[PDB]
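Peer 1: Listed below, chain by chain, are the residues.
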Amino acid sequence: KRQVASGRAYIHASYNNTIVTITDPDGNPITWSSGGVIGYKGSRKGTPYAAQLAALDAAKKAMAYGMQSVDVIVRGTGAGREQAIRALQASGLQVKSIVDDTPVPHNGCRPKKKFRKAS
Amino acid sequence: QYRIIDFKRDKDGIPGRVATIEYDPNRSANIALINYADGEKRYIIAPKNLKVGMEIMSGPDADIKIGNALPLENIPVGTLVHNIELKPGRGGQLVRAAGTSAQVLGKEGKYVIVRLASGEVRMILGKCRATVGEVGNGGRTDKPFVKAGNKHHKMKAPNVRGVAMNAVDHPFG
Amino acid sequence: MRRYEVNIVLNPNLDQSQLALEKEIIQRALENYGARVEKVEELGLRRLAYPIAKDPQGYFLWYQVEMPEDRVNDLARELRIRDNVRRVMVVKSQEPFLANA
Amino acid sequence: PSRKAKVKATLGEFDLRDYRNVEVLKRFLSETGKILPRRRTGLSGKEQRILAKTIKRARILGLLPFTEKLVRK
Amino acid sequence: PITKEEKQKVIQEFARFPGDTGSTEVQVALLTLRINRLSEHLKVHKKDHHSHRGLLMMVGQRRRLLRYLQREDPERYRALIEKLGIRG
RNA sequence: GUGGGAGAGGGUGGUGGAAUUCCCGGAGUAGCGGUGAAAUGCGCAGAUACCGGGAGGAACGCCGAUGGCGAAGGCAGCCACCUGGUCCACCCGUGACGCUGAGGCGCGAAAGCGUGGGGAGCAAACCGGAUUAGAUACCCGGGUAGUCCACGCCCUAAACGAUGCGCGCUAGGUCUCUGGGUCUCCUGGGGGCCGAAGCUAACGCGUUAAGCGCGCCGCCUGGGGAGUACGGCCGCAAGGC
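Heads up: the sequence lines are chains BN, AD, BI, BU and BR, in that order. Under PDB author numbering, the first residue of the first sequence carries the number 11, and numbering increases by one thereafter. Quick note, the second sequence lines up with residues 60 to 216, 222 to 237 if you use PDB author numbering. Under PDB author numbering, the first residue of the third sequence carries the number 1, and numbering increases by one thereafter. Under PDB author numbering, the first residue of the fourth sequence carries the number 16, and numbering increases by one thereafter. Under PDB author numbering, the first residue of the fifth sequence carries the number 2, and numbering increases by one thereafter.
Heads up, a few of these hints could be off.
Keeping only pairs whose Cα atoms sit at most 30 Å apart, straight-line, the calculated DSBU-like set for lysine-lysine is [what the hints assert, rightly or not]:
hint : chain 1 : residue 1 : chain 2 : residue 2
1    : AD      : 169       : AD      : 186
2    : AD      : 146       : AD      : 100
3    : BR      : 47        : AD      : 202
4    : BU      : 61        : BU      : 88
5    : AD      : 110       : BR      : 47
6    : AD      : 202       : BR      : 84
7    : BU      : 84        : BN      : 122
8    : BN      : 106       : BU      : 88
Keep in mind that the hints were calculated from the coordinates and are not lab data.
Can you make the complete structure from the sequences, with help from the hints?
Peer 2: Have a look at this one:
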């Protein structure tokens, strides 16, 4: 009940859940889904499979407001980022294109133990 | 000595040369007697720097020549001012001593953005005015008050405290 | 003295009268300071490779010019000055180097 | 190795001295806009060093995006 | 900074024989010049440690030189000495 | 001397985008974050994702390297101001002027102190969560000091090459930086690799010596107690010598 035909799809995924959301042909939000968005607790949210379940339903809804043509945005590395975005092209949906962003800083913000060990 | 003097220039074009170091005893403000075109002078607002060597002013135009003033109108974004004129010319409207002053930390329409020295941030209006640079308070803090009470010397209120008085006594106490 | 190339950039949104008065103050300054202009280009305007002045384009001016060493900085600021002074970059003037020869 | 492009033989008498060498420097940008390594530039030490210096003056005055979105991927 | 021409104006000033590109007259004049300008520097920039240090070794060289001089002929040593102004 | 040169050596000022938290608007759901798996914790007063914009401190990606500079520790966005070291050619100037250095003098990590600013993020402590028997710590979620600047003040260290400085003697192959050349490779300086000789209980060092020789300095002589106790001097204190 919004209908658009085209825009962009955003894929963001950690290594402990993934998320995907429709964005108009600019950047403002549409509708989405993710790990627990798909009955998946603790882990699971962290599977290529999930990657998919979501990517997919995501599109479905994406269609709801007449959407099909989409270019795609990339954030991080999702452990299944592929079962995912692939699931994405598969639900047909004008699988227009993809772009590379996963925007790392320039080196000016120490992390938490887990990310240090750098150098 | 028990007197005030100036706090608002508004006859511009008149050269204002930094007369001299008359560091001043009346409002944490050293000031210089300013020497204007006509001979007409003014024990004027401290604003640290602009050396004995008389040399500036301000005015309709501009000359962000540190020290000196003009409306916030004729005013560069990223500038430290004092002479902090809030409403359309009520003399200076802030930073007395007040080293860090206010920053044209962005300005919009007939309203200009002041990072408000005293500690917050918000806006003044149009042609309103201010002069920038420094105040002149030399740390103008600390100093000792060792063996005696500089206070009492203060002549300034040995209005001594209390608050624990054996009493019934005073306003919220 | 020593010579450097002056590269400073003024806003694209600056119409005529502006190009005028502002570049004019400019020159004034340079001189005031102690610069003897040598060569003034003016490739005019360009899509900067990154939005700047929230501007995707701007007006770039370059003058191979010299002056009295130390006072460099000081004038640099004299410039940056005028808001519009989108950018202020100065560089000692060494000529060139033919790699892939 | 890294021999399908190579950049040295794409530029003749090249003055590593005019930061404003837009279209030439624009010629070391790759895509998300890095600084294509000797492993590509066919440049020496003398090279990455001086070349870079300008590279840098370059991002400064702009006219080369010091990195910038990668299309497709 | 020290300007070539001046440097020479120097070397010259000194040389007993206009061709003293390297003698102690010049080691001396030299070193001390550097000395002064350098310190001057040091004061403002109140914390140029690395630099100060070098400077220091230098005051050093200056000295050993003078040294030799006096060693040989404290005569032109006193001469020079005076000329320059070191020691007080 | 002079003429060439190379650097994250220094300090002073100065901008610049990357991203990072919080701030205001948009749009839009029901989840988010998170782990070994949880949970604690956030979120329908709508968060997490995305759109923009804002404020701001910090750091400084690619290039950047087994590369470079520096007395030692150390030191890398760019930009100009002052400054130090040092390297190759000319053979020009001086005329042994020299090398070691007790005490001394200054420098000088990170913690910490003093005060005066700042404090995005990260972060002992302190707080939860989890844990196991136990959990005062490994793991997760919170957040102070401090981490950041000026100034003054502490000088400690696997302060490492665990190995003083100076010159001079003794196969070599190799890589690489930098400076000169008749620039298939030779020449000076610098860095890594392999390597005769030779040193060596041993490993391993090998013209970047742990080889051979000269000066000068320092510091050794069984373990614990111990680097302590005490005298001394130093410091705001912690401590230090």
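Peer 1: Does each hint fit the structure? Answer for all of them.
Peer 2: Now for the hints, and whether the structure bears them out:
Taking the CA atoms of residue 169(AD) and residue 186(AD), the gap is about 8 Å. The hint holds against a cut of 30 Å. With a C-alpha separation of about 25 Å, the suggested pairing of residue 146(AD) with residue 100(AD) holds against the 30 Å cut-off. Annotation: proposed proximity of residue 47(BR) to residue 202(AD) holds, straight-line Cα distance about 25 Å (limit 30 Å). Note on residue 61(BU) and residue 88(BU): the hinted pairing is violated, with a Cα-Cα distance of about 33 Å set against a maximum of 30 Å.
Annotation: proposed proximity of residue 110(AD) to residue 47(BR) holds, straight-line Cα distance about 23 Å (limit 30 Å). Restraint check for residue 202(AD) and residue 84(BR): the C-alpha separation of about 48 Å exceeds 30 Å, so the hint is violated. The suggested pairing of residue 84(BU) with residue 122(BN) holds, with an alpha-carbon distance near 27 Å, which does not exceed 30 Å. Annotation: proposed proximity of residue 106(BN) to residue 88(BU) holds, straight-line Cα distance about 12 Å (limit 30 Å).
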